[PDB]
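> Here is what each chain is made of, one letter per residue.
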Amino acid sequence: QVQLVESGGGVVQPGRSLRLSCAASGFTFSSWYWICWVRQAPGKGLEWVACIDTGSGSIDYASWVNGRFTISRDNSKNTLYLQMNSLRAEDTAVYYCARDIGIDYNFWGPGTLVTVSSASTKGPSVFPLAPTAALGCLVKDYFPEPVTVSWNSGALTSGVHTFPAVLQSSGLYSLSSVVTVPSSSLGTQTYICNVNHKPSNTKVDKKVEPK
Amino acid sequence: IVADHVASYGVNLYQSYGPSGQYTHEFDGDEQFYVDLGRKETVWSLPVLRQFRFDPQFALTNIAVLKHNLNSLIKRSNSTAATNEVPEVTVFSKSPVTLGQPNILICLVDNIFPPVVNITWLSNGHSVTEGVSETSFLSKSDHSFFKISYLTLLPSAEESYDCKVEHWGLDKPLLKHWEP
Amino acid sequence: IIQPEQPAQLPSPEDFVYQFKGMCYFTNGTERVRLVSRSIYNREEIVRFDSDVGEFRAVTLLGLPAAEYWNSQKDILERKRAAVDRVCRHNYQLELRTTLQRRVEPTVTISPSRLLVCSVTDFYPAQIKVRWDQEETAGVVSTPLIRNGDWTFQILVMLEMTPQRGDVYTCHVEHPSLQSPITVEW
Amino acid sequence: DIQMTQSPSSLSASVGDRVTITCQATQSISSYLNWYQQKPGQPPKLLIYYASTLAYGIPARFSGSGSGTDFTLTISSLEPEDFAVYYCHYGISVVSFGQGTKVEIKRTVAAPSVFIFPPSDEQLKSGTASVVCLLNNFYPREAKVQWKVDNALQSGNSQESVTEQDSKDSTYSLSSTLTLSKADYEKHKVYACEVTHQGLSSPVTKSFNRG
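Protein chains in written order, with the entry's author numbering: chain A, 1 to 131, 140 to 219; chain C, 3 to 182; chain D, 0 to 10, 1003 to 1105, 1114 to 1131, 1135 to 1188; chain B, 1 to 211.
Just chain A, with the same shape it has in the complex:
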């Protein structure tokens, strides 16, 4: 079918550069389409980056770009490129690739996550949250996202709230996952959180217990 696939995302140091691609399948640039790079911050609005006329080559960039990002194409390879240079941590966002924006029967891409940090991959630190009563796990200082958190190896599901991760001043992430259970089982039932961090192979199983 007709789809667009992003590629090239990752952690890139501030000051350094990244080049993304956007492979097109199901259609040929040869028939001229205006393909665009629209980026979206983590939890913020959609913002434009640049557009390119696959026929003539006409490029347009957003006001904020200022020679930092450079869109290009290869009709023979049916691939779109965006050379992102001079990157700041402010440029960390998901980069979408979209054909003919606003016209009907026109596709977008899944996204590619570009993270701009001087942080280096680190496994998390799992600490318990001392216990209807509530108990939990503080999953401190780790990078990059994300962290898998399951309670009682999947058995516990109702009442669990695994909080969205927050960026600390240290540039490292930190999330918490808490659950509410009847104050009666605080001695009877045994509670365990299952932290996992595939980016740095750090699986942990902390047992939460009253002090």
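None of these hints come from the bench; they were simulated from the model.
Be aware that one or more of the hints could be misleading.
[Unchecked claim] Label pairs and their calculated CB-CB ranges:
(1) C:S135 <-> A:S7: 41 to 51 Å
(2) C:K77 <-> A:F107: 12 to 22 Å
(3) C:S129 <-> B:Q3: 25 to 35 Å
All C-beta atoms in this analysis are idealised placements derived from N, C-alpha and C, irrespective of residue type, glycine included.
Place chains C, D and B on chain A using the hints.
Below, chains C, D and B alone, put in the same frame as chain A:
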């Protein structure tokens, strides 16, 4: 059919060859402006119209819809291509000729279909590049087109001029000659 | 601003041509305004929205699926109905200040040929009456109106002369731009 | 670039309700405004182009209005699959987007089940101390959680994180995390959390002393 004035507030055109397109507005048979779909700019064919504003994105968006409508109609009509028309070329001067006093040579290339054509000028055997300008493809009621090329000349006693038209309808370039 | 009419969305080389002409017909200023939006496959008009009719109507069989499809969508009908005002009536107001205000005076020129040709050149608008001291009619041939495509017209009027007694032959041009008719003697 | 702003920054509405979002542009964009929808994790789906609520099939409850600069997206009778971020768009090659409108579920004003947690001994070995504060299940999101340490207020040392609307009871849970060193934490005795919510008669203060 009958009116005091007739305008085309959208003469949207899209053809498979290229592919290409042309967004123009026409008032009473004359071209008010065209949008360059590459540079993305309204180019006013009349100075007094430069005070108005037509957004290039309007033209670009209609050309995208037109591409869609065309593709579906290719399949629905079981891939029926256009029929090539015989262009009726005519050459004439803008004003009565007076030797030494500048003039413009008009080459009307009438009944053009499909709208894909080459129009050049010849002075004493070889081609002319300077002074040549041409209108966009102007629409017709029978849905064909026509273009007008212009060559700014200083009428001379010896000098002869030709309009070289190259449509797919013609088997060999039509070379219309200009007679003072 | 210049408002465009919008296309309705459908659901020796070879070329496939699609034309969409958003057409405005104006008569008695804005008293009688009419929009007819033509959808065209190659040189055959397939569908049409006529503001007099009020709906999409197929012209040829190829445009019947489109005519019904666009007639089922209520948004498209409301929008195509309003296009008379949003597009025709709106844009006309700009025409009143610019194209409908344009006027270029004809430059009349009598000269013999290989018989006298009265050349009425570089005039706008297209309204003109050229006539040749009695109104000579049988021996006169006018070319059709010549559109130069640069927002100016020209028209040539030839008269076969059989002269005598030094009688004057005069070209008489009447045009909207002219505050008094032009006469040129010979 | 053409800047366009959306009237409700975010809104709370119930199933069956009528929702009206507006988009105002910096210039006349004629009848060329488009409405995009975005549910989490996915790229935008186009709802309306021009003011034609069309797709190969988009729900007829959506309607577009306006021309020139001021436009309006109207969802007649809200369905549950409509809680999404709504955006206004312009331009095929020079693309502008709106400052999206979140469409959130409305419910019975609930109170936050507040809890405090002292730092673990395991974290104090590490040389740092995170004091958490949970505000489990509440409505609406608008809530002020102030940190008091020895009755004196705290400003630049906490970090909140809010979950999305629950899939069963549509409530938000929060977590403000005061972070100190294992020497600054040891120099003070009372550690209090002052939750101040709309569904509360008075500000709840759950707290702890070091021993």
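> If a hint holds in the structure, say so; if it does not, say that too.
Quick rundown of the hints versus the structure:
Between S135 (chain C) and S7 (chain A) the C-beta distance comes to about 47 Å, which sits within the given range of 41 to 51 Å. Remark: the range hint 12 to 22 Å for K77 (chain C) to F107 (chain A) is upheld by a beta-carbon distance near 20 Å. At about 49 Å, the CB distance of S129 (chain C) to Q3 (chain B) disagrees with the hint of 25 to 35 Å.
Comparing the model with each earlier hint shows a violation of hint 3 alone; every other hint is respected.
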